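Produce the complete structure using the sequences and hints provided.
Protein chains: 4
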Amino acid sequence: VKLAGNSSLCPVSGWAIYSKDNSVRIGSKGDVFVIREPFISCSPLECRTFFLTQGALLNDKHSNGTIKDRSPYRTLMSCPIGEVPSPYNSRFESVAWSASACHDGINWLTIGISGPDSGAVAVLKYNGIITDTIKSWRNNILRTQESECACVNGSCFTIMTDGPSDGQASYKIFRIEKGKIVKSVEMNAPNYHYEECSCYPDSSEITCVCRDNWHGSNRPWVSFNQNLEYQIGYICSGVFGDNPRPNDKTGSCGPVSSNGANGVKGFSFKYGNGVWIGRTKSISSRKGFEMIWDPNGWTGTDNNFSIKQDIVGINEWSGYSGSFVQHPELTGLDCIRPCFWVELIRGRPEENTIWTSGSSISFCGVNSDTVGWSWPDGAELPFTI
Amino acid sequence: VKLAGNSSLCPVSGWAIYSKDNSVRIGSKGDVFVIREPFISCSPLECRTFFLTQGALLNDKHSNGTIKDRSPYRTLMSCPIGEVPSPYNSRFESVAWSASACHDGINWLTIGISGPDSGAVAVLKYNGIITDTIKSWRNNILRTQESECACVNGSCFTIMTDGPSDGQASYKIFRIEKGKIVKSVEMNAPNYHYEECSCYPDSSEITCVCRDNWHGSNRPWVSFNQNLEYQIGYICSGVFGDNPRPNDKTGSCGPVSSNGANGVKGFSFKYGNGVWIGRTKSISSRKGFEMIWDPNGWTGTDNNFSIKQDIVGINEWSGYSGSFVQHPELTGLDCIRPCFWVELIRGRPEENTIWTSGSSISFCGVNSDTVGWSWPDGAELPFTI
Amino acid sequence: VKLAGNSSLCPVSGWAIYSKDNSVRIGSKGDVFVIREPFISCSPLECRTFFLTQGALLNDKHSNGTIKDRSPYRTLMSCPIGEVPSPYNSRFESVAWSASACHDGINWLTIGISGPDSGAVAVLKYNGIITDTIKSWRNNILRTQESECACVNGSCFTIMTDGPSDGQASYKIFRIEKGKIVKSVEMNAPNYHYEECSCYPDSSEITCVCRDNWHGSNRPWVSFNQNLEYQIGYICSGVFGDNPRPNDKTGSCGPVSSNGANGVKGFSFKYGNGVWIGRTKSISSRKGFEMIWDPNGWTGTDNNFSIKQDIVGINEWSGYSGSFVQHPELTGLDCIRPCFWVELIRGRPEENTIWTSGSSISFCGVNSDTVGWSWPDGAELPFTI
Amino acid sequence: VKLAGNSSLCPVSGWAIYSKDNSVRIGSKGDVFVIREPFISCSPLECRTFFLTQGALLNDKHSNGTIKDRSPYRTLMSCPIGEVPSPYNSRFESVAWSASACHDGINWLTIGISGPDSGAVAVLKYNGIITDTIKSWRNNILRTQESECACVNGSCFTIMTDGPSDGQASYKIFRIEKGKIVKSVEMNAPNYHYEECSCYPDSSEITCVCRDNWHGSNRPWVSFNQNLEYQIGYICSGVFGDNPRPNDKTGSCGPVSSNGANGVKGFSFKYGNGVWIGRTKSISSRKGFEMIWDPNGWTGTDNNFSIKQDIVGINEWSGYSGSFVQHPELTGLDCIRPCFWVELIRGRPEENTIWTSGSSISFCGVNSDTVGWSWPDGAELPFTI
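Chains as they are written, first to last, in the deposited numbering: chain B, -7 to 377; chain A, -7 to 377; chain C, -7 to 377; chain D, -7 to 377.
Calculated directly from the structure, the hints in this document are not laboratory data.
You may find that some hints are simply not true.
You can't tell identical chains apart in this list, so a pair holds if it fits in one copy or across any two.
When the alpha-carbon atoms are kept at most 35 Å apart in a straight line, the in silico DSBU-like pairs for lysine-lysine are as follows [as the list claims (entries may be wrong)]:
| hint | residue 1 | residue 2 |
| --- | --- | --- |
| 1 | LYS273 | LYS53 |
| 2 | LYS300 | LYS172 |
| 3 | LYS279 | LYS241 |
| 4 | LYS127 | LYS172 |
This is how it looks when you write it as structure tokens:
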């Protein structure tokens, strides 16, 4: 059966920890991959964790210099949620250095980009069979969401970027039906930057929250229906979500350019005028993580919020964060439940090692009593390599 | 398709060894988890072993100081019975430092407690989906059975404790239907201590034998129906149950306080006025194990018994002990078969290592010819690390 | 649907290699068990290899002194045919130091003996549930076939021995229906010895060829119907079967006491008056293996034969040998196909190591063109331990 | 339902990266086999990778001298596509040093040759059961395709060679129906050499492209219907196929003998008069790989082509190459899709190691936009052994 997306998003007041993966603690002795960008996607029977292996095992000589991110060895794989990425319990999905995966209620769809920086090619697979193929239209690094896409009524929607990472790029929205592209629309967004977007279906409509890697320290968004009729803007809130970001002050609808020249992959949930902002705790480095509920944070420019929940302590390393969705066909409720994941990066950029790998944690929103704590990666670096 | 639980408990005269796990012998070279409290639960198709990993492998540098029991890295996992807990053959269940799991004949229910000591939160999962959530009441260490619960007619019953571990705590009984809490009742038991209960169904009723960690050297019990109408007391037999216990003498129906200040998790089966007491051979440390049949132990205060069976030698290390049952929907008989498991702890508290891990053995009650022997953990400590 | 054993045994003229296990070559780096007596049993869907793990991994410090054969750590496990006995791909069956397993077309039956020498107890499991239990009746040592048993209709037939290994013991035949013993008969065989039998069904009758560890260098046999009406004797051929055997000469109908004081587990197939003898190439040590077709070997005492096939070279180590059967419900033919397995022992009793482990090979009987070769264990001893 | 063939080969204009396993650069730490001659075969549900293990793990003392390609330890195994060949995730198929496997839409058929050089015997298995067995004729090294065969209307067709590898051999075509050899025809091809052929079905007929190991630097071919009515010849193109080959010039319809003393396993697809030649970039050693589209290459002797795609760089090691097919019963299209695989050999023959192992990559043909790149093996030799 298909996967309808006509039911609105569940209102939540807290987040309960779903899964925790101890990849780097177990990888000092066991055989686990050196992974990056570990997003989670769910199916009407189970939820899988998708990661981008670098072709090497942890605590090995082939994990040297894994700060590189575009090599002919990166592959997309998947393992059951909560389990370490290992060669003996992972499933091969595609060969890619940028990827995304979804389930339309019948079969898995995976998009994977692999090729030269000028002329990369995206290969679409439906049930493990190549169905369609895209090529770069502006001859720069072609990127995908790095997260799961949104599938509504049997059609799955993704966003791809092509162009400079510090200038004006080109943005495209795709509608995919059973692995074949049936409609693509190029966004007309001058003075905007969309990159590594997190998309969820709400009311037969798709909402994506992206990162501005050029001149924005808040987060842009785009919303479109099944005919790809889009609306663009930024999240107007004093609770900035990007990293690096300035200290909290009055935001604006336009790209706020105070400390916005890079970013980290993030997300947010729209609840009318409110937002559930998930950001780090350090305005300079990727340290800590927290959840903030701003009652009027989607259109009102002030730094006042209502609820804050602690997820990772301010002294513990953090990284990419994205959002996934559990449909009523799986949970059994009458609405769509929001969930999210966080990646805990530990390695070369900020520590004196030769590699770079990240563990993951996952939370799901509930209407019950929840507590805030710190669930970090308890690895003891450096390793023996 | 759901478990009825309306049959009486099978009368037995002996115990036949069901499974044995050589986790620590194999973990010196292989990749196995550092586990603790490995209870067992059965389903209408198979029986699983549930353990609480610390997030590190045996013979690894991350197994240092695993005598700690409440950390953000402890997770609940499960593996098929008789198999070593390994990253490559285990299934992730929940994130918890105190957990219990059950099967109501349709789907698996797992309760998992994780959070701060003052404010811990229990997350209930039905078929891998978060369904309900509980929070601590008295803001002390919220703890659960550490063993499987009892499911009768589609409802599963558990007991949770909240308060001092050497004083008067608060005790609660829960009824769970398809992951949602339907009814909770707070026990009114002055001068009692209930902790780490082992519950089994018998004639549509639930009986739990718990651990008195405050002033009792015998074991308390509680019995309730599906409406949570409870009866409380102590197992008044001269054959004491806890590990720090006096030499055998006339017991009492109230808490006997001679050597009882820090118990160990155990069990017992009621057969009218009789009991099947499972205890350790040493009254000082967790060494040895045996099963004793007292014909009038549940109500008569004398130290005379009838049958004793040897399960672990007096010079071999022992640990936690709990009880599980096999329903007629699985065995095919007309009554509920009693079974139990023992954990064999090897590590820091009594040996000169840096870690603490435990293997397990299992026994099933039969009406045939059985022998008493010693089935210890044949590990040779210390390890390389 | 249950297995019927009414179709006669297939006439064959050669043996084609079925599977080969490189357990010891792979176990120098990988994690494989230290196994012994690796028999094979088939099911209407697949064939499994059953072995007796000793609780330790190969190339490990717990492999010291594995020449011992009765310890509380030995367990019966199973893995798919042709695959190494690894902890990550094996299934736990029972706790035993002497075991056998069978499939009656519906579910797996496993018998496992574990306990003291004087008082060992056999635990019968049907579909993983304990169903019946036997105790030693002469209180010396309780042994089983170490191979698969014969299943006709829903009943499976095994032979158990109890008594001296160098004197006169007591012999019993069991009929098992759905895990429960329905009829047992004690053999009256003065001046005979049956220790490790290989049983196959032919025409709704069961024939077992056993080991004489007291008198004879030839092999005894027993044949019985479903009511346990047995016939006893010895294989009257000049082509002797046991490993400590004399040079070929005229055989005898009773125990030939020339070099018969020990023995090795073996087999033979009856074809009227003919036999398919599987023996070792060395009359003093367990080296080499071959299959010999004697047209009148079952009753005619002469050393002349017709066909010989080489399976292991005379300079390569060999060991236990047994026979299994592929029923028409699996192969699809109209008769029962003969098959056999060989164990290749490498370790302490003949080499300068600290351990003792064995690999396995399998052959199937065919009416096509086949070749004789040597398929030994290519391990390079000693290891690094 | 059985595969039908019955449809023509899909016209393609490019090749999309399908799978890639990083076996050699994961086996430096993990446990992977020392494999050689991989190939991929697809079933109506999944595609498997078949390899010929040498009985030893990578980075182990038993990897010494893994260049002897005919030993009694080589076995045929299979693992899911894109996954490393490991003892814990691969299935045993047969014992062979020369093998091929196929799926007729119902069950897997595997052919495996193992035995002496003069007297090797091929064992045919259907659904894991030995069904037929065939023996050598000219008492030389009996070879099979080393690739998947072609199954049309429930019958699978293979080619075997027997005779000198530098002279005139004997070639045979087999039709196999449910594991039993139905019809065999001996090819009458004087002054031809057929070896290691790659066969695909097209319009209910079989076309095979082989290697000439005696005096040809181009590639021979053979095409036959279901009654084994064959047509023989050579690929008449100036774009030569074998690895030892001269510089491009006008080809010939016979065995062009310039540098044809040896060869490497390869393939080609016929599209009327055109060819899709897959060859290496180095005319002396096995380095690089590319696909070339010659519009009239099958019959027109000129060196002009129209399309070239880069798959491995000229400075990266390459090896065997073969072709497989995805039927409409799996993809869902209306025609047969062509795909191919490449093996990346790294080890003793060309580098200063003690072993020889190869990774693999796979491509499938599409009518979309594709890019040429280099997807080599990123191993860093020598290892620690």
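Going through the hints against the structure:
Taking the shortest Cα distances, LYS273 and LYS53 sit within 35 Å of each other both inside one copy (34 Å) and across copies (30 Å). In this assembly of identical chains, the alpha carbons of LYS300 and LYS172 lie at most 35 Å apart only when taken from different copies (26 Å versus 42 Å within one copy). Taking identical chains as interchangeable, the C-alpha atoms of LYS279 and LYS241 lie at most 35 Å apart only when both belong to the same chain, with a minimum of 21 Å there against 60 Å between chains. Taking CA atoms no more than 35 Å apart as the test, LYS127 paired with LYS172 passes inside one copy only; the shortest distance there is 14 Å, against 48 Å between copies.
Violated hints are absent here; each numbered hint is respected by the structure.
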